[PDB]
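Coming up is one lone chain in structure tokens, specifically the form deposited in one PDB entry.
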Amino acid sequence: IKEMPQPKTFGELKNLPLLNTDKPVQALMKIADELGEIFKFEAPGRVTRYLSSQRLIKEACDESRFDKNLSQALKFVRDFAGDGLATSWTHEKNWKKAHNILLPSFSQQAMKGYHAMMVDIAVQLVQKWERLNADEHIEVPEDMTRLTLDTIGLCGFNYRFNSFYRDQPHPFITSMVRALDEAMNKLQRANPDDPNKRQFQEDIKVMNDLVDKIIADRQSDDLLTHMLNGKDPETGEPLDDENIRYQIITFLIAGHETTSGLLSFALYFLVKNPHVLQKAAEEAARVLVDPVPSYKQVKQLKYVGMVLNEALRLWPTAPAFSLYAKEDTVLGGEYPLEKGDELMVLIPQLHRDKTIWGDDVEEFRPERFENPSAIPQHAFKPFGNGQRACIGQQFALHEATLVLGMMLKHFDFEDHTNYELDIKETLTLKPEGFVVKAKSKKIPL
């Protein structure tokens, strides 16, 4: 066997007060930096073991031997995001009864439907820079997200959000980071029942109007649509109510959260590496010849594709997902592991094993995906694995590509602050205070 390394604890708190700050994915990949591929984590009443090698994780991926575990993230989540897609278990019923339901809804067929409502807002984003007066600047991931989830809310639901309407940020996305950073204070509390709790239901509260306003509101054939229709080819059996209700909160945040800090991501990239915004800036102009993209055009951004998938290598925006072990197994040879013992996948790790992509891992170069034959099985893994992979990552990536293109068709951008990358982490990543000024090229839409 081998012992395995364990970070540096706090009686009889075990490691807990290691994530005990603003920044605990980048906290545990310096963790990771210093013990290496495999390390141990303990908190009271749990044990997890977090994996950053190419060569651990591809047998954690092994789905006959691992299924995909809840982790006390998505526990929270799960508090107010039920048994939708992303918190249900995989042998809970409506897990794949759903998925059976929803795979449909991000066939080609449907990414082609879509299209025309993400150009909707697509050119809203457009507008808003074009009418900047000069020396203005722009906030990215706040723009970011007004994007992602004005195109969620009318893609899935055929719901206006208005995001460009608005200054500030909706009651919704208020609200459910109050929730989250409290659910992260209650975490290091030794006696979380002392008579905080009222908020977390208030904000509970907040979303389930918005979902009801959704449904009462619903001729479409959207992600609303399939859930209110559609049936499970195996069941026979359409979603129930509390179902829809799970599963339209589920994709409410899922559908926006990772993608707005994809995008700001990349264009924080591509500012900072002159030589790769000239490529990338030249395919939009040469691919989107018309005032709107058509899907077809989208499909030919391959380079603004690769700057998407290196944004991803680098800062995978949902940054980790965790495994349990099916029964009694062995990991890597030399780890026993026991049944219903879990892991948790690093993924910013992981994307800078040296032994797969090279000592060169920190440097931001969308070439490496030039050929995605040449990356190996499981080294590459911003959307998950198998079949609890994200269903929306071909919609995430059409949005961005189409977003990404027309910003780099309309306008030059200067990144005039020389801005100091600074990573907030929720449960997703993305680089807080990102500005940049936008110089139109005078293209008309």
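Numbering follows the first chain given and starts at 1. Compared with the form deposited in another entry:
When each C-alpha is placed with whichever rigid part superposes it better, residue 84 ends up apart from residue 177 in the two-part motion between these two forms.
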Second form
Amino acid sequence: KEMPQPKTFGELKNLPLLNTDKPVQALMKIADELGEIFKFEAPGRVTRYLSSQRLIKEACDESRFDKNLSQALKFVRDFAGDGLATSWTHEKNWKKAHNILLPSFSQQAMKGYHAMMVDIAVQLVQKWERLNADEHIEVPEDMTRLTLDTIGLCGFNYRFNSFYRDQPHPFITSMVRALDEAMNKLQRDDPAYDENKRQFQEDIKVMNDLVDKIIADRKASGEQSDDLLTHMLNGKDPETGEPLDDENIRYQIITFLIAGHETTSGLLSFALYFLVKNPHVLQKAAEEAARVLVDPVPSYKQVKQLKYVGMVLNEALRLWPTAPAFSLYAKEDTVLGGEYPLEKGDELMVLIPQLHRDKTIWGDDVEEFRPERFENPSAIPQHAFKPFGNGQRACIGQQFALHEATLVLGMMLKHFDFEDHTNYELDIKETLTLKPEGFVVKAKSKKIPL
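Switch over from the form deposited in one PDB entry to the form deposited in another entry, please.
Partners and other molecules omitted; one chain follows.
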């Protein structure tokens, strides 16, 4: 009945607890101490962090709870607009874009993106083939170059050419800095933050200008590509009969870059981390890659056959889900778990990494990396595994993210042996997403041509 709450700071309540550079990890430790639910209070804000499958399966009942914009998402909305990830369910543009975009994100639609994904994946493999002896790989940096360029090419047929650069494309610099400002605002306004505010407006303009220009260029040329921009310029919502307007198309493209690039590169980085830390698993994944990927270029069908690589990726998502939380609100007064009364509008946060450590679902070995947990997908209870969110507001990019990550991890394991030459100590850097900071490896080529 009475809900636990972490230590307070006078008038600031719990807010200074977030003034740390690893806040998800801090909230996980609080959940370890306090259990499946705790109240978190700040000036003008009350939320409740959920950690157990028992309570989260109720919060995922869409008849009782809808997606809420967390404060992080509210700040991202200042540049993602009413794109899919930062719009309320009841906003006309959510269901409209949802209906238009769902068919272009299906498993069937990955067949059309596959060639462009391969284009960037081959660039990654060639970069590593061309490293000199005793040079090493900066794993999240290269994974970020890959996922960013893949979304750019599949999203709107634009080449950021990240593998030709040390300093990223100006669009990426402004996007990352806008995401940085969004996160820093969460932890803080006085006169000192005026420079950050001016820079934020400048970063927003940089993003809008490039994306609006590409949309305008495409409309003028009339050319058709296999990208999401072409689908959005031609698609009509069956319900309203309307197409997306140019401004919303821009917000969707920005959304694809934000929501997809760091989550996916984080997944690849964590997966490779767990592989080099678990040589029996790496051997098993590498066997499958060599057996399945029998052609110099992987095909769409071959990627679907990388079952164990997929298990590796799901187990990496279990331990470190790279979009680590989502937010809900009670549609009406309701009681959570038979003991927590909630009033209409009350907010909930789903702490995904804690959910994925619920021993009552996964057993005592929750911290061990064992892809075999996912050997048979049916053994996983409902709402125990939620790296892609919930229900109609789940990740629309799930099939894209997993197809890219399976393709690329498969190619990495086919073409190279990996050495954890520094005995890397896991250090998880937190933005709005999670990644293993400073993770480096050496790759020895297996000399298999492309």
